[PDB]
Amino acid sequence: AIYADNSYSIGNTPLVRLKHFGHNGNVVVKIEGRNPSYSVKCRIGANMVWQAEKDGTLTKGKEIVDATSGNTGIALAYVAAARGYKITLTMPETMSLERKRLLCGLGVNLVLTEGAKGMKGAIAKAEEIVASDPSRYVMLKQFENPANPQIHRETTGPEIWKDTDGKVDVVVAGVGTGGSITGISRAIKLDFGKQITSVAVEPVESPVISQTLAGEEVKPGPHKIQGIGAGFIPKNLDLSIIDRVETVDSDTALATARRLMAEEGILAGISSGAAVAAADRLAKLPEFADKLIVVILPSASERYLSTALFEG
């Protein structure tokens, strides 16, 4: 069919079997780089806007606000352009140059926040922006807005179910807001009724989900896996549906993304490398050796040319 604007064209991303990871093809990746603005967040950029329209919090003349590590911002930006809204976004200054320049090209009022404060800083700035003029702005707050996991429950999850003919046994996803792993897991476990293993991935440098579940002190840290590991437990992470948490270090994340490019011909972003490295570890345990593992690859390589991903 013909989509009325770019926001309606979200999803229907392909599954590709990996040849140099996993064990005899038990690792398959979902290429979320193939989306309107080339990341998984295109889905929530669209649905958060649609939902706010539906419940009347977003109207003509209202200006969108949120905090992002980049991809959600780019997602909200193309949707704002497509559907006719002004938009302000906060983002840590340390995020990739590509994110900054693309946001500006999409017509965003971009507010860069202090690198040291990370997402908490960007979230804080967005809140004080909106508080300065509540009638002008609407913050869509991706870290707690239920419209985030809901679109993954409605689209991403069902796509996985259909394309695997219900054979998916494991889903592996890095956690930023938690929306992807949450919505996908609810779809497959609750809507299709299959008791899969849901695997959250986080940086070993900032393993706050692992620490939380272990009853240890939460100690966030710096890392290079752009897009995940926000340093706190986000509201859109449904801890209750997470069966397993896997930690991955930055170096191995980067090396794995380079391997995906050079060995599989898959133009993956950094967090895609982290997710596949975690999946590869599970895939080579005899307990998962004959299970079908589906891995979310959130973004594409060219959004990271200015990062350590293209070191060398």
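Whichever C-alpha set is largest while still superposing within 1.5 Å between the two forms counts as the rigid core. Positions refer to the first chain, counted from 1. Compared with the form deposited in another entry:
Core-based superposition between the two forms leaves all of 205, 98, 169, 238 but one with CA shifts under 2 Å; the exception is 98. Annotation for residue 219: C-alpha shift under 2 angstroms between the two forms, rigid core superposed.
The two forms, fitted on the rigid core, differ between the two forms by 2 Å or more at the CA of residue 113.
Comparing the forms between the two forms, the C-alpha position of residue 76 differs by less than 2 angstroms, with the core used for superposition.
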Contents of the next structure:
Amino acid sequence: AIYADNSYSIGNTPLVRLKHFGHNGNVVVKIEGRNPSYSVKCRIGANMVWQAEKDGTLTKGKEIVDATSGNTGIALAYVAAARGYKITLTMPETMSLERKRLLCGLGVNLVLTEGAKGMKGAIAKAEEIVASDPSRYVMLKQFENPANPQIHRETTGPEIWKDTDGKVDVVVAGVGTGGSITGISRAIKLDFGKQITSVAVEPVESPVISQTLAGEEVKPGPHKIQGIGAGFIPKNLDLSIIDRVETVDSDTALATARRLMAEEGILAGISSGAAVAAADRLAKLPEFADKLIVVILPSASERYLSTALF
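Compare with the form deposited in one PDB entry: the form deposited in another entry:
Single chain only below; no partners, no other molecules.
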């Protein structure tokens, strides 16, 4: 069991039962912060690179380009370093010095874009770089690359099945690209045949999945639950396997993450708090009393989630 490089050490994250949430221990969390790069994205960063290698789109010498400096960019940076690929990430010049130093420390060629243009500027710049030499650059496109939900169907989902001896009844997961809930749900429902309840979680401030499914006018909005609530329906969110959608507000997601730290000794990010808050709400409904609810905690926090942070 010696991994050839750090990209192969992804997953096999632990399930921990919560003591101060749920009803009679019916809430169990899957800690994705226990991963390389400290988040669930290590899985998709690894698999999008591996799949691009297998299908020939990524060869020795071509370079990776993207516009994410969030968990996916960090994940791609680690995988690129671990497998020997050059990688350029665009990002608004207003990003933190800490995030910049982290990406540079990983070997990333960081291209800073105009602060005033925000993520639109960085995305446009990444597209510009690829367009300049399409045969040299590869943009993996996390919101639509099938290798994203596929790695969750092959690893994350089976891990939940295995660690719960097939007893999982409900899976609760915040939606960013939608890969986690999609891949996990396909694994458990289609590959293992159990008709569980799949619950997507989104910010009440940008409830686009809820609005969409209700046939209401789609109105995205700003929120502080980093990692989820992209403001649109990504191609990697398989709405057909979603049974329920729970909304959670930013303040509650924050308070919940803080409680996980102080009351359970679990160091998770704000989106983990959002997922647990949604899961706790369902766990205290009589209908879910005898059901095992597994909640994905997407990332870890190495710091207390201060107001400055949120």
